[PDB]
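Engineer: Okay, here's what each chain looks like letter by letter:
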Amino acid sequence: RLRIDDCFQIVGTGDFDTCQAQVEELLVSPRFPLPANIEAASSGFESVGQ
Amino acid sequence: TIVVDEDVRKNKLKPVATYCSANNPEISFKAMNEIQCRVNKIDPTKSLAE
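For the record, the sequence lines run as chains B and B'. A prime marks a further copy of an entry chain.
The entry's author numbering applies: residue 403 is where the first sequence begins, and numbers increase by one.
The entry's author numbering applies: residue 353 is where the second sequence begins, and numbers increase by one.
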C-alpha cells in the first residue's frame, strides 16, 4: 500500500506552475476525494473545491 | 389483456431516473454520485428514455 513498484528515485524539478496545478488536481479538488468525516461538528463537504 | 403504460410520468422507474440525471445538481455536486447511478444501471449521460 505504501510502495510504488519500479520507482527508485524522486528528483525535484522546482517547477512551481506544475506543482500548483498538481496540488490543485490531487489535493484541493480531486474528482474522487477521500471519504468525508460524518459527525455533529462537520458540515459534510469532501474537498476544499466543494 | 395486460397492457403497459408508455408514459414517462406513469413509470415505476421515473422517480430514480429523475434523481439520476445530469439535470440534477446533486449529481454535478459529487462526481462520485454519478458513479452510483451508473452502478445501479441508470446512467445520467443517457437520456430519460434510455
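Treat the hints as calculated values from the structure; they're not laboratory data.
Yeah, the Cβ is synthetic: ideal placement off N, Cα and C, and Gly gets one too.
There may be inaccurate statements among the hints.
To be verified - Distance windows between CB atoms, simulated:
1) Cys421/B x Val391/B': 33 to 43 angstroms
2) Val425/B x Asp359/B': 48 to 58 angstroms
3) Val360/B' x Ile440/B: 52 to 62 angstroms
4) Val360/B' x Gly414/B: 54 to 64 angstroms
5) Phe434/B x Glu358/B': 29 to 39 angstroms
6) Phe410/B x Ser399/B': 20 to 30 angstroms
7) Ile387/B' x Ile412/B: 26 to 36 angstroms
To be verified - Just a sample of chain B residues kept apart from chain B', beta carbon distances all over 10 angstroms, derived:
8) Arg405
9) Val425
10) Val430
11) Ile440
12) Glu441
13) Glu448
Engineer: Hint by hint, say whether it matches the structure.
Structural biologist: Now the hints, each set against the structure:
1. In this structure, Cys421/B and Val391/B' meet the distance hint of 33 to 43 angstroms, their C-beta atoms being roughly 35 angstroms apart.
2. For the pair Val425/B and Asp359/B', the supplied restraint of 48 to 58 angstroms holds, since their beta-carbon distance comes to about 50 angstroms.
3. One distance hint, 52 to 62 angstroms for the beta-carbon pair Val360/B' and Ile440/B, is violated here, with the actual separation near 35 angstroms.
4. Look at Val360/B' against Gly414/B: about 57 angstroms separates their beta carbons, and that is inside 54 to 64 angstroms.
5. A beta carbon spacing of about 37 angstroms between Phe434/B and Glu358/B' agrees with the range 29 to 39 angstroms that was offered as a hint.
6. Evaluation of the 20 to 30 angstroms hint for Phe410/B and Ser399/B' yields a failure: the beta carbon distance comes to about 50 angstroms.
7. For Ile387/B' and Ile412/B, the Cβ-Cβ distance of about 31 angstroms falls inside the hinted range of 26 to 36 angstroms, so the restraint holds.
8. Against chain B', the non-interface label of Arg405/B holds: every CB pair exceeds 10 angstroms, the least being about 26 angstroms.
9. Every Cβ of chain B' is farther than 10 angstroms from the Cβ of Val425/B; the closest lies at roughly 18 angstroms, confirming the non-interface assignment.
10. With 10 angstroms as the threshold on Cβ separation, the claim that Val430/B sits away from chain B' holds: the shortest Cβ distance comes to roughly 14 angstroms.
11. Every beta carbon of chain B' lies more than 10 angstroms from that of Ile440/B, the smallest distance being close to 14 angstroms; the non-interface claim holds.
12. The Cβ of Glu441/B lies farther than 10 angstroms from every Cβ of chain B', with a closest approach of about 19 angstroms, so its non-interface assignment holds.
13. Its closest Cβ contact with chain B', about 7 angstroms, brings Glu448/B to no more than 10 angstroms, contrary to its assignment away from the interface.
When the structure is compared with the earlier hints, violations turn up for hints 3, 6 and 13 and for no others.
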